[PDB]
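Assemble the complex: chain A is given as a structure, and chains F, P, W, Y, S, R, U and L with the ligand must be docked to it using the hints.
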Amino acid sequence: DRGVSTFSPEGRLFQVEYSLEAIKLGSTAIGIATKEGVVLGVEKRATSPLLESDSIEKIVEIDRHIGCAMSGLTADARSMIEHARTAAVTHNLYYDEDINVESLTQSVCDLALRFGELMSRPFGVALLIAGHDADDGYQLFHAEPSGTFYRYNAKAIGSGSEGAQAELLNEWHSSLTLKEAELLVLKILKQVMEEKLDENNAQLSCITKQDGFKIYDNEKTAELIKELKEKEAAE
Amino acid sequence: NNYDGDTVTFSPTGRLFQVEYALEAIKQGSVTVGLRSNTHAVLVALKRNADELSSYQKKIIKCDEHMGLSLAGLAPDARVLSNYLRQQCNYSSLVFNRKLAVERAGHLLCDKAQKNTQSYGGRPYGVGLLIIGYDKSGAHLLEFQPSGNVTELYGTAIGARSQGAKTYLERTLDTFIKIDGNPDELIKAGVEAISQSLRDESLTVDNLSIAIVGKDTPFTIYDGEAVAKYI
Amino acid sequence: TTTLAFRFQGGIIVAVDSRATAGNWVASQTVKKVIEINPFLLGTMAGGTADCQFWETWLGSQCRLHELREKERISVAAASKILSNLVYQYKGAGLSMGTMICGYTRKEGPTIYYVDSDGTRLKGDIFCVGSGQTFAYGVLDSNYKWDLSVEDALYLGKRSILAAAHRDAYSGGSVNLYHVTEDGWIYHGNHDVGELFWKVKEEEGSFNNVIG
Amino acid sequence: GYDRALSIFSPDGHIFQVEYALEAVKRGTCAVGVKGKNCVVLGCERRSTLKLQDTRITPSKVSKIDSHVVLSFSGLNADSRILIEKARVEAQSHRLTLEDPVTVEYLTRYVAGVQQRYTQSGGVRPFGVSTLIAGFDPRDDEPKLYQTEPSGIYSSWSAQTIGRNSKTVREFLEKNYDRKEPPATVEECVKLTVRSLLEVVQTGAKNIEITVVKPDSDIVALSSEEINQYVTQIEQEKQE
Amino acid sequence: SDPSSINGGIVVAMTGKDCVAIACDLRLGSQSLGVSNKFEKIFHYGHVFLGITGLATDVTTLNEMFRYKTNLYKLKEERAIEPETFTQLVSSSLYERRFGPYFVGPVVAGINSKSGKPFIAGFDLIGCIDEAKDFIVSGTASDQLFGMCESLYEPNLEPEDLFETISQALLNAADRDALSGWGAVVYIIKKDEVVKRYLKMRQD
Amino acid sequence: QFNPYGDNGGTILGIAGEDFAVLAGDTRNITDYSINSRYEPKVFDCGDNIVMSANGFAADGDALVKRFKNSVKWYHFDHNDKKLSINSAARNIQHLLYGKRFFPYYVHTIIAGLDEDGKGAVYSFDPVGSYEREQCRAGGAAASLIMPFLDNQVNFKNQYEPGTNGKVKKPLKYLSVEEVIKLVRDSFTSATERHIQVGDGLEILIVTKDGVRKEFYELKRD
Amino acid sequence: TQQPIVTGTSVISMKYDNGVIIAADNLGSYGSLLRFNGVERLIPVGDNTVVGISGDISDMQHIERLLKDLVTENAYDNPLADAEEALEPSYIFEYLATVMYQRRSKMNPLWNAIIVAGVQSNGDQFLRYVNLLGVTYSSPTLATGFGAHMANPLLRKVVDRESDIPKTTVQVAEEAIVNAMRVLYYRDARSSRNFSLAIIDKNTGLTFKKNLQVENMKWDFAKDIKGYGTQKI
Amino acid sequence: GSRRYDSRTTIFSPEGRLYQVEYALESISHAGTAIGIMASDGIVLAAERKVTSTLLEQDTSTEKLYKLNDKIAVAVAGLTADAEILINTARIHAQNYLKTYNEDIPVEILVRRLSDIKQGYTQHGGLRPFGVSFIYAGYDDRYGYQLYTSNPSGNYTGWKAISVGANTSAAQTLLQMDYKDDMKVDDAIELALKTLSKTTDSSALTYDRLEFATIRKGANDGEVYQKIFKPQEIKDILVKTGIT
Amino acid sequence: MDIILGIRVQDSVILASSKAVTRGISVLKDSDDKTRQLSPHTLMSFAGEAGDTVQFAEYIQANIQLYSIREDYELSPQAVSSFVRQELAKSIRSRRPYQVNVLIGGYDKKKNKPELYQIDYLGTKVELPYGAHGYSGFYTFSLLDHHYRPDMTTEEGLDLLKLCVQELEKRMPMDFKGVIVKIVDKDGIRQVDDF
Ligand SMILES: [Mg+2]
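Protein chains in written order, with the UniProt record's numbering: chain A, 9 to 125, 133 to 250; chain F, 4 to 234; chain P, 76 to 287; chain W, 3 to 242; chain Y, 2 to 205; chain S, 20 to 241; chain R, 34 to 266; chain U, 2 to 245; chain L, 1 to 195.
In short, the hints are calculated from the structure, not lab data.
No false leads were mixed into what you were given.
With beta-carbon atoms standing in for the labels, derived distance ranges:
no., chain 1, residue 1, chain 2, residue 2, range
1, W, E101, U, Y226, 48 to 54 Å
2, S, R86, P, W133, 18 to 24 Å
3, A, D9, U, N89, 32 to 38 Å
4, U, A205, L, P40, 55 to 61 Å
For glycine and all other residues, C-beta sits at the position ideal for the given N, C-alpha and C.
Isolated chain A (complex conformation):
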């Protein structure tokens, strides 16, 4: 056939480029970083009405000060989360402190290119890693299967990403409140989702310095959806 670690004539790794196509088929995940916190939101996308949607876990806690959202082949993310959690806890054991969000992200990204003929293929999932530390404040990173990670003020991944990113381009400014960010994620998710957005097929979460990482209740999100509907009808 051909090597798993083969370069294309353009200078790209075939397998990495193909895994990026799998991520495009994944459900939408959005992140927005503000000076009051970082918000993470996902499309759940249940394949049937009999599937209990609260068992769909696409937003995950890595540590008290670091959360994570996923898009793509979500089964691949489990070992990445395990590593992230272990890295966060291990660093606290060795240094009696919280680990930097960038350092955590870098540790996760080191796994990415460990494939060949180590694991047999790259990961088929992208991650939005959000968190807070004392040195660089609130941060949002985008971790890819290439091993590259970019910091973002706001970022969308998954099937509705380029439409969502264009929307984030217009809406983000450096003075956004946490409440404004919450509504903004809900607004853009509602735009790119196939099904009509409600508290059962979408999920919100945030990370603040005071309270740490929190996944929002369906009752709490339902109120923010109702607040969104009214303010869009307000003009």
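Just chains F, P, W, Y, S, R, U and L with the ligand now, kept in the frame of chain A:
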């Protein structure tokens, strides 16, 4: 064609296509410039962002107090190679109480890259590196290719549109080599060199990345408002 | 050393002394012999100081990983067994450890496990470990009731360490008190034995053998 | 050792070996899971192409992982034994170290993890198996039902089916299962499970297996006659 | 401390005219404490008989091992193993543990099914074969057994005379050993009949 | 039989002030009854405003300091040039020491610096990595001669206010850097008089928000 | 773990204003048997370093080969091997010190005491000690074995502290070293009369002196000594 | 490198089938027919040797029927050499169990173990599967008389009567027609030989082309006897049942 | 730990095991249950070195429970004891052997017979009408030799056991803080809460 399926295969004309494809990844990468005088050595790098919400990808990595490099191509491969350099610089200091010579650092990178080009299963590194350093024989600048070829130079550039900066340095050779004991003027020459590779975009405050090492100057990286002085 | 822990109506009381010795030489009077594994779990330190420190901080890391994975507070049974299984792997190598893993959960209530470096793991109501354990047991056994108040239980633990600190040459310095509730442990201060002895002697009428 | 990467990405971002493993599941006999208010029922299809079978000794389709959790499957039979064995060992290992039996979710997460591992390990192919895992958590009376598949993804279901013609029986369940009021009794839950299989099975004879799991490790498999009484009552109501 | 004399016990084997006899005591102990009076030390695999003295856990382990090996032998060879062949198998098996041995004193007895020739053999704990014509002894009262056998034995004894000789050799040897006794068994082996007799003896 | 351990003598002393910290140690290195060196530095600046000394068997002492200095370097590489806080350094050293739990570094380690609130900090380690933050700690040969003196003169132990006769303790008033250095010098002068392994020279490293400063003083050479 | 078999005794050394001096006798003892009389225990590395070794001779010969290999290795792909990138005394010492400590840490030591004497690139004097335990220390005077007990006291009377180094000439330093070697010959039962001496000076370079002998010895007073107390004849 | 020559023995087809397993089953369909029939008082194993010669030493020959222990036997269909590898593994497993628990291995536990070994070759290792199908005939004190079959996939099932090898479709129909639950061993012996006689590709069924075995409690009192029939004994039972 | 006794009567097996747990100088606990249920009709009591006892017992328990689930069948007492013996016989030649002695009391539902097996840490197995480990036999066996009958009732077995415990409490130097008694019969395992 039929001989590019892996790194272990020569073509009928004696070419290694997988290595050549790895070389291509560097050409897609963002431009970075290296140049030196007799007292100092400078790296200038144009950082690339994903979009307007994203950060600008870092291009320069410190290896020791007296050595460091800039990258162009696959960033994770630069992390692997720079980590190896950090260890080799560190081994030399711990075991021999000796700062690793820049020339010897080049030899080590060459040999590490070579093993990936002669064995089955592996792949070549997909990154080019510009190593600067100040050791017991003064200032040095090296250019690393993932084929294994390492070359000591007065100045150079790698990445997209690097040919413009390389021609400028070839003209300015006699001028910038004489910039001794003046760090600011040597950086100016580097910023003017990398400007010969820009199109449509210009050097902004979060776009530019500069590093310097010299006689009484530890390897230090300048980003943000620290490079506004040179814009 | 003298460390104790006992279950009662209001949860768990943990009380320890503060002295560390190298032979006859008193190395430290300010040793923290209660390890704060996390906000809900406590461990006591007897035997090897490093062994207890190192492995009970490690235990805290394992407990944190458990609740991240399982989205639920680790049980005292499970937490104690992680430690006892670990030290059992090292059995023969020379680890020295005698500890009480203390916690208060919904499913268990207040629970104490004595964990040992020979691999022993015992659930119980009252435990007492160290060179001055026999002195503290005397005061505990004769005054313990399940229906003690939090105030009286705290004093009993304090008084039992004082009894050991007085008689045992290798116990003393100061007394550290903790009260473990379901919502977490609460620290109840550092009490210098020197000042505590005279205070207790006067107020209680005890230690008539000693001139004050 | 044999290290060949069998599960790899294609230009369109698909892992064909994982997708072809799903095709093996499609071929397997139908399995269905329905949870009531205080029970879960696992129904399984037995293809009647094989008679002269000894039903006493032939491997049954539903397997106990522990005294409180069961596992049924659709797909390759030989592959399923490997997952069942691993799950049974992990269930005992959990009891040994945590001093508490596994939650249904934990056991599902473990099996799904094994399945995922076989999709990016060298020299191995994915499991041609999807599983339905059902039971009750220790000291809990809330019914649990989970599904896994070759890719390693898993999720909870009010009711679910896998295997051949599972599209048809899922159609039935989606219109017949009400979430606001699930089958209140064992009878109602078994009846709805047999009804769903009768959409696909053929003869209601030895082709339907039913296993009822109740709280506190109360697991029993219904016999031919007991199931035959459900089959009889369903069609007599249908003649109207 | 000495593994070969913790549990105690003895085995003796003799040859006669067209017959062999093997016998053992029934005691198992923990040094001074008597634990069992039903611990038989003679086993058989087909028509080949094996007595084992020494550390009881090894006696059990080796019996289970030789059952294992003779069963596989029979499946592959399509015939029962012979005494001469089995003797070599015991020797091989013991020597493979040269530097971590089973603390035992095995004794083989049987009649070759093809030649009809009576056969006995003994081993040390490490596999050295003692193939005597007359008798083999083993266990904590081996000295006593050597004394009894050397005076009582005569060649070509008939089966029912050999029984008396081997029985009296065992009994009187065991009565001079603190760690042997508590009952005894004697096997009288002919080409196609084997008789097993439990002996009445003092229980101290 | 080969004995992998030795004793190079020496004595060290760490004291934490209100907004400063000192780590002192004599400069004499010995084996048995011989002097190897009258000036062999024992207290080291490890970067990030941390000073360290690993007293006892000098080979293990040098090895540990070397490895910690190396750990500071790699902490910067791995975590974006973040400053290693004194509490984080302490926990890191525990793991270095416990890593050789079954073939220990035969040393008594002390580090000093400032905590994240800018207050003075001293941490003390045993050979296998048990550690604690302390206000006052002497280590090495003459530790038993120095600590009782420090209990009395730094913490005012057994001292009461005149006229009250035992009823009121002497209040624990804060000491200046000049006051601490006086107590350090007198501790080592007294130790030199009564301990044969202590002498030659005294080197003190002082840590403040401004950085690390050194002071040297002669000690008796007999 | 082993025991030394063939052994070399004291190595002595000291700093002076422009460089360092090091010396060691030419004996290889086999217990109390003075077996080998032509053993060189000072081994020069380049023109700026001399490594003096005492203790086990088989291990000395191993270390000698390591240093020979170190010079070969340093010259590989090194155009400045005889200039800026030549081996320094500090490089040679640190390498040996690493090896010694690693070997003790595997419970298989090189049974030696080593003194590295040399002059650095900037003209600075280098003098440092390392032994089988990996213990290292520096001083204006250094000596191994018996030298530590007898030579150091004499050498310290010339250079007692750092400030005495610039005041000490090469003639005074060599005189002190040669006298110490005589004292060691009087008093060390495992010493010999024949020795080697090396001077490493920042101006005149490396001077290596072989086949030196202890001379000007006082023995005449022995004729008057009779008995062990009361004997007169 | 080496990848070029790799057949990839452990992959799914687009339809979700294991190529090599399917092709191994095709191989087995050309092997001599083996039949197993379970009765109330015992089990019968009958099997046809493949086109033999007059110079073949039949009385010392064994290609079809093998003994795993005193209670369990197998009939083989496929590559004889592959079967012997697995047979020796099964014999060891039975002895391991006996040593551990001091009880004879239950039939299903042995069958599952061999079947799991076959399965492993289809999922990992990159090796070809075993081209063998077994009929297991055995007895234990839990389920009594049992018949199983396993194939290269590692899947196994229980049977009252079953065939493997050539003409299984024709053989299984004939068995399904004449089999009854209250049947006895002597009746099952006759059914097995009659079925082979009708399905055989040879002109006539003779003693030199057959291997035969019975597992009976026709052993003196509560115990089980295996009987591998001798050439003369197969000749007699052929006359008794009226086939020759 | 210290004293563990066993007696097989007509229709049941009775295991008695001390409650004390002494760590050197102090008695840390006086209510310790030195037994594990391997299967519904099989009980194992144990005594030996600290840590190793419980570690071994739970390891065996896990293995038997695993077998029970895999086969949907309870192993006979004989089979379980043979498994346990092999584990100990393997253990004795290990780097660090299990220092554990056990008694296995089971009711065989197939044969309708109680069975008592005694196995020491070397892997020395014996089936007995009554058994013990350590010094327990030295005090009790003379009483059991005298009074024991194979046709005893469970109540008579308990009375003979009381006489054995009384003799232990009289002549043994150590205070073992009484015993926990458990009965194994056709209906399973139950504890005698007053003894
Ligand atoms: Mg002194």
